[PDB]
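**Q** Could you build all of it, start to finish, from the sequences and the hints given here?
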Amino acid sequence: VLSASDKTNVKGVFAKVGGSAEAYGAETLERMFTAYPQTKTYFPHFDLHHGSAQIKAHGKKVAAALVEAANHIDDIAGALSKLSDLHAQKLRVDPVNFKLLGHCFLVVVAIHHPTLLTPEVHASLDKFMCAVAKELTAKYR
Amino acid sequence: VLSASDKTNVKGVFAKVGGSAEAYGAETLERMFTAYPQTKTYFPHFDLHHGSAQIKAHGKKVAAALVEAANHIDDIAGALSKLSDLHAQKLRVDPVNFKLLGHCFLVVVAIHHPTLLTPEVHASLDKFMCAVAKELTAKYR
Amino acid sequence: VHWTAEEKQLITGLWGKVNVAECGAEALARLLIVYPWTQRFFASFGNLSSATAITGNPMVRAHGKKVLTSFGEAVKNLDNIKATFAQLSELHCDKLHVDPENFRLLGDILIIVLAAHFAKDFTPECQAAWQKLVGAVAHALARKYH
Amino acid sequence: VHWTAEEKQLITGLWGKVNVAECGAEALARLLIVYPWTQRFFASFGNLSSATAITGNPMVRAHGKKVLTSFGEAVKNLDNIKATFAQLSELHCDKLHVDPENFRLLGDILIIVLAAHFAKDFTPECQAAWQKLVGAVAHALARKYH
Ligand code: HEM
Ligand code: HEM
Ligand code: HEM
Ligand code: HEM
Numbered sequence: 001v002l003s004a005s006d007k008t009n010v011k012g013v014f015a016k017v018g019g020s021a022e023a024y025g026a027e028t029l030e031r032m033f034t035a036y037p038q039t040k041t042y043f044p045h046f047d048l049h050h051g052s053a054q055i056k057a058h059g060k061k062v063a064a065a066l067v068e069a070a071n072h073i074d075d076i077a078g079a080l081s082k083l084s085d086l087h088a089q090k091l092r093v094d095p096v097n098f099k100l101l102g103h104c105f106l107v108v109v110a111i112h113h114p115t116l117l118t119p120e121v122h123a124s125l126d127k128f129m130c131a132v133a134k135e136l137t138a139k140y141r
Numbered sequence: 001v002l003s004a005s006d007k008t009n010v011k012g013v014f015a016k017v018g019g020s021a022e023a024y025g026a027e028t029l030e031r032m033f034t035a036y037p038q039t040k041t042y043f044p045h046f047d048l049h050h051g052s053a054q055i056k057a058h059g060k061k062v063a064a065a066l067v068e069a070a071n072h073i074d075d076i077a078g079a080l081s082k083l084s085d086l087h088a089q090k091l092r093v094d095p096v097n098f099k100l101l102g103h104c105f106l107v108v109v110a111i112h113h114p115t116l117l118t119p120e121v122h123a124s125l126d127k128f129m130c131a132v133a134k135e136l137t138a139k140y141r
Numbered sequence: 001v002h003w004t005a006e007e008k009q010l011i012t013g014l015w016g017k018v019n020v021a022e023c024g025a026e027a028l029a030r031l032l033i034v035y036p037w038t039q040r041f042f043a044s045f046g047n048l049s050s051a052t053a054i055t056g057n058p059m060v061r062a063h064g065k066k067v068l069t070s071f072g073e074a075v076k077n078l079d080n081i082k083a084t085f086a087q088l089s090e091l092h093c094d095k096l097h098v099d100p101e102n103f104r105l106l107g108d109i110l111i112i113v114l115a116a117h118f119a120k121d122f123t124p125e126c127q128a129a130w131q132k133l134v135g136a137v138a139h140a141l142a143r144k145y146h
Numbered sequence: 001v002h003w004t005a006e007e008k009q010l011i012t013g014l015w016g017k018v019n020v021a022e023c024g025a026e027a028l029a030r031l032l033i034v035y036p037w038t039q040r041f042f043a044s045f046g047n048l049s050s051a052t053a054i055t056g057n058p059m060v061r062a063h064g065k066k067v068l069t070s071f072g073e074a075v076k077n078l079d080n081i082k083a084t085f086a087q088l089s090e091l092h093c094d095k096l097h098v099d100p101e102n103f104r105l106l107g108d109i110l111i112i113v114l115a116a117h118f119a120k121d122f123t124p125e126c127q128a129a130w131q132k133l134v135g136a137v138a139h140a141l142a143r144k145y146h
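Chains as they are written, first to last, in the entry's author numbering: chain A, 1 to 141; chain A', 1 to 141; chain B, 1 to 146; chain B', 1 to 146. A prime marks a further copy of an entry chain.
Just so you know, the hints here were simulated from the structure itself, not pulled from any lab data. Take the hints with a grain of salt, since some may be wrong.
Stated by the list, open to error - With a cut-off of at most 30 Å between alpha-carbon atoms, the simulated DSBU-like pairs for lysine-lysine come out as follows:
hint	chain 1	residue 1	chain 2	residue 2
1	B'	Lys65	A'	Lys139
2	B'	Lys17	B	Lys82
3	B	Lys132	B	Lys8
4	B'	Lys144	A	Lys99
5	A'	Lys7	A	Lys82
6	A	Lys99	A'	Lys99
7	A'	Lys40	A'	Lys134
8	A	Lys40	B	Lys82
9	B	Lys132	B'	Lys17
10	B	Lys76	B	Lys17
11	B'	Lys144	B	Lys8
12	B	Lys132	A'	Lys56
13	A'	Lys134	A	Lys11
14	B'	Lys17	B'	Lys95
15	B	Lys76	A	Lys139
16	A	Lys90	A	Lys60
17	A	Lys40	B'	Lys95
18	A'	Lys99	B	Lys120
19	B	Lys82	A'	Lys40
20	A	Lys139	B	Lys66
21	B'	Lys120	B'	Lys132
22	A	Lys99	A'	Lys60
23	B'	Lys132	B'	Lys17
**A** Structure (structure tokens):
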């Protein structure tokens with residue numbers, strides 16, 4: 001789980017992210033649909049075109065959810081309860097797609113905040129997004 | 001994490017395992033060193049010969065630890081505290097070796113208790129051994 | 001994969017007593033229930049709401065035979081697995097897009113059905129023989145990715 | 001892996017501004033600290049107790065260049081990666097026995113060092129171009145497993 005110092009880091013970036021998390025939300029999503037096009041399968045109902053307001057809108061929601069989880073960081077589970085079910089019972093997203101998503105967010109925070117993304121913070125934000133990944137898939141294991 | 005019904009299952013086998021868990025402990029270990037010989041690297045100090053009292057002794061300890069975790073199943077973390085550090089700080093066992101170990105235990109419980117290993121229990125005992133795996137590697141993430 | 005003789009013996013001989021209809025169905029059923037995100041791919045099989053509904057579902061129980069039959073085919077041309085699955089590569093890679101991890105999962109599960117079925121006759125070296133086969137088969141599906 | 005032209009351009013052109021000494025060291029340093037079970041393999045590098053000790057360790061910082069240099073070599077013969085790493089396959093598979101997952105981890109990490117380094121110039125399609133390369137290189141190491 002999260003260390004007391006992990007959380008220092010996790011939160012820090014998210015503030016150093018701030019309200020910018022609308023654009024990062026999309027940028028990560030687009031990076032997923034480009035670098036990992038087999039992810040496109042899950043949004044057949046979307047216009048998966050660059051900039052498409054769908055991926056932009058969906059973007060905000062995604063970061064916003066992370067924003068919300070790194071605030072209730074002592075209780076990520078309950079902060080993402082409603083999503084855990086959707087992502088496992090309706091959607092059935094393969095566990096491995098979560099690895100990919102986190103990866104692209106780290107790429108996003110690196111590009112925009114490289115003088116913050118130090119190995120120690122690299123670790124923490126992985127460890128965070130691993131446990132964000134885990135609780136969204138609780139209906140598998 | 002573990003469901004209240006998961007635990008019904010987890011515990012059940014372990015009783016239906018019982019004191020037999022000395023021999024199962026070895027059988028799983030040997031199945032790891034045969035089916036996955038790249039695991040042998042971690043015990044260069046051992047005689048990794050079939051039946052070798054080393055792998056037999058080490059066997060008991062391993063199951064015994066699982067035995068103990070599925071008893072303190074509400075608090076596996078603290079039940080395996082002392083091992084988490086050893087397996088990450090001295091030993092540095094690759095996370096993927098844990099997948100393999102659990103797999104061979106399931107093979108072991110299947111061979112010996114197939115009319116107990118029903119898909120539902122297959123699930124539960126995976127989910128258990130996943131969270132046994134997780135807390136032993138807490139110093140990574 | 002450089003095969004051993006005892007491995008071919010072990011694979012073909014344990015393959016002997018395999019009832020692919022059951023094993024195959026049970027193998028898929030276990031894939032469907034233990035890793036339930038796999039059911040996404042069989043939305044065309046209909047009722048998979050419950051463990052009970054999955055484990056007698058004619059399509060699961062029918063498809064299960066199909067997939068295991070296919071495993072058999074590898075057991076015949078062990079040295080030529082690359083091409084036995086070549087096409088079902090495109091099926092699983094270009095059309096269906098299943099993440100290759102699933103091929104091990106369904107292959108790890110297979111090892112358990114085998115184990116419950118043949119009990120002590122499933123020795124650790126047999127288990128290891130079948131471990132390679134399954135590992136070989138999943139590369140052969142995967143082959144058409146990278 | 002059927003390469004695209006824009007991909008080769010993207011790979012070779014971003015490879016242009018790469019300083020392998022730094023990137024390589026930083027890349028390994030991040031592998032050593034983020035996935036600390038990798039340090040097991042570099043017990044011969046001495047002091048890796050702390051994140052601080054790892055990120056200036058001459059051997060890490062020296063070895064880091066070595067490994068990235070090797071990445072470069074792929075960037076040259078992109079169509080011939082299978083054989084560029086053929087030998088370092090045996091190194092990593094028969095001698096060292098590193099689980100191939102690590103090759104992606106160290107390859108996933110590489111993508112992040114690249115990203116922090118070249119900022120907006122690291123567009124999602126570039127990221128994707130480099131994603132394949134890294135994915136290709138890890139198969140090429142792995143090739144001598146199954
Ligand atoms: C940390 C990881 C993730 C977070 C924080 C996240 C967040 C969200 C949120 C907040 C929603 C609700 C949007 C709505 O109300 O419609 C959602 C929906 C969704 N997510 Fe994710 N998600 C994550 C991972 C994934 C991954 C890996 C996939 C892979 C395909 C995925 C696919 C979807 C889909 C398909 C929807 C439904 C949207 C629709 O069809 O309208 N998510 N996600
Ligand atoms: C559920 C998984 C596991 C359990 C319950 C478990 C249990 C144990 C226990 C109880 C010990 C202490 C024995 C002692 O006091 O010396 C131990 C030690 C050890 N375990 Fe594990 N273990 C697990 C997974 C692994 C894996 C995957 C490896 C892979 C190589 C591993 C390698 C070792 C080693 C090398 C030792 C030290 C023994 C020695 O050198 O004397 N363990 N394990
Ligand atoms: C690991 C070994 C596997 C083998 C040997 C295998 C083999 C096959 C075979 C022989 C077919 C039938 C093709 C036909 O009837 O023309 C098939 C269909 C299919 N397989 Fe697989 N498969 C494997 C793993 C997987 C996995 C892991 C998934 C998904 C998670 C998957 C999804 C499918 C789907 C969706 C179909 C089509 C179902 C249908 O016809 O309605 N397979 N597979
Ligand atoms: C993914 C791409 C990787 C590449 C391209 C790569 C490449 C190389 C190269 C070029 C060498 C130097 C051989 C020599 O100097 O003669 C080397 C050495 C080594 N690599 Fe890797 N490597 C990779 C991943 C890994 C990973 C993931 C691990 C361990 C987790 C690993 C462990 C080692 C070790 C232990 C050595 C020997 C260190 C020494 O010389 O003291 N490598 N690698």
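**Q** All hints are to be evaluated individually against the structure, with a verdict given for each.
**A** Okay, the hints, checked on the actual structure:
{"no.": "1", "hint": "B'/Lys65 <-> A'/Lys139", "result": "28 Å, holds"}
{"no.": "2", "hint": "B'/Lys17 <-> B/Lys82", "result": "40 Å, violated"}
{"no.": "3", "hint": "B/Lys132 <-> B/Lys8", "result": "11 Å, holds"}
{"no.": "4", "hint": "B'/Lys144 <-> A/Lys99", "result": "26 Å, holds"}
{"no.": "5", "hint": "A'/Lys7 <-> A/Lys82", "result": "24 Å, holds"}
{"no.": "6", "hint": "A/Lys99 <-> A'/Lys99", "result": "17 Å, holds"}
{"no.": "7", "hint": "A'/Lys40 <-> A'/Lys134", "result": "21 Å, holds"}
{"no.": "8", "hint": "A/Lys40 <-> B/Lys82", "result": "28 Å, holds"}
{"no.": "9", "hint": "B/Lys132 <-> B'/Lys17", "result": "43 Å, violated"}
{"no.": "10", "hint": "B/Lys76 <-> B/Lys17", "result": "15 Å, holds"}
{"no.": "11", "hint": "B'/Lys144 <-> B/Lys8", "result": "21 Å, holds"}
{"no.": "12", "hint": "B/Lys132 <-> A'/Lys56", "result": "25 Å, holds"}
{"no.": "13", "hint": "A'/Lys134 <-> A/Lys11", "result": "24 Å, holds"}
{"no.": "14", "hint": "B'/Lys17 <-> B'/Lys95", "result": "34 Å, violated"}
{"no.": "15", "hint": "B/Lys76 <-> A/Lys139", "result": "39 Å, violated"}
{"no.": "16", "hint": "A/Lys90 <-> A/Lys60", "result": "21 Å, holds"}
{"no.": "17", "hint": "A/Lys40 <-> B'/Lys95", "result": "39 Å, violated"}
{"no.": "18", "hint": "A'/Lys99 <-> B/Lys120", "result": "23 Å, holds"}
{"no.": "19", "hint": "B/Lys82 <-> A'/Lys40", "result": "29 Å, holds"}
{"no.": "20", "hint": "A/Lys139 <-> B/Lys66", "result": "29 Å, holds"}
{"no.": "21", "hint": "B'/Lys120 <-> B'/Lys132", "result": "19 Å, holds"}
{"no.": "22", "hint": "A/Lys99 <-> A'/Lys60", "result": "35 Å, violated"}
{"no.": "23", "hint": "B'/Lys132 <-> B'/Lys17", "result": "19 Å, holds"}
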